[PDB]
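Could you slot chain A' onto chain A? The hints should help.
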Amino acid sequence: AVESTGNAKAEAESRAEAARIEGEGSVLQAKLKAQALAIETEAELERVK
Amino acid sequence: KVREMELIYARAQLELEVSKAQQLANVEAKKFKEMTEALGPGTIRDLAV
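Chains as they are written, first to last, in the deposited numbering: chain A, 715 to 763; chain A', 764 to 812. A prime marks a further copy of an entry chain.
Derived from the structure by calculation, the hints contain no laboratory data. We put the beta carbon where it would ideally sit given N, CA and C, even for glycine. Possibly wrong hints are sitting among the right ones.
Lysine to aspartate or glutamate pairs mimicking EDC-like chemistry, simulated, CA-CA at most 20 Å apart [stated by the list, open to error]:
no.	chain 1	residue 1	chain 2	residue 2
1	A'	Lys764	A	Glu754
2	A	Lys763	A'	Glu778
3	A	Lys763	A'	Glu769
Computed far set for chain A' versus chain A, every beta-carbon distance over 10 Å [said to hold, decoys possible]:
no.	residue
4	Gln785
5	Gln786
6	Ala792
7	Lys796
8	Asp809
9	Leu810
Chain A with its partners taken away, still in its complex shape:
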């Protein structure tokens, strides 16, 4: 019981870790993507104007 629960807990917490780093990393990368799209669509809107 301790063995199977141990390994399953290990793989599961591994997925939780990957999910967390993917989480915050998605947050920051989406934020820089937000600034990028913002400045790009801004200059684009200007010159197109």
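Quick look at chain A' alone, frame taken from chain A:
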């Protein structure tokens, strides 16, 4: 913001469009009026009778 600039292109181009169609309607109607003033009621009367 893109919707806003789109409203600008929309209002401007629509205004210029209506102005164009209006002025052309003016030259057309003035043309036909010049015709009826020229050939006269009796000429279209001749075409009709």
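Open item on the list: Hint by hint, where does the structure go against what was stated? Just the numbers, ascending.
Closed with: none
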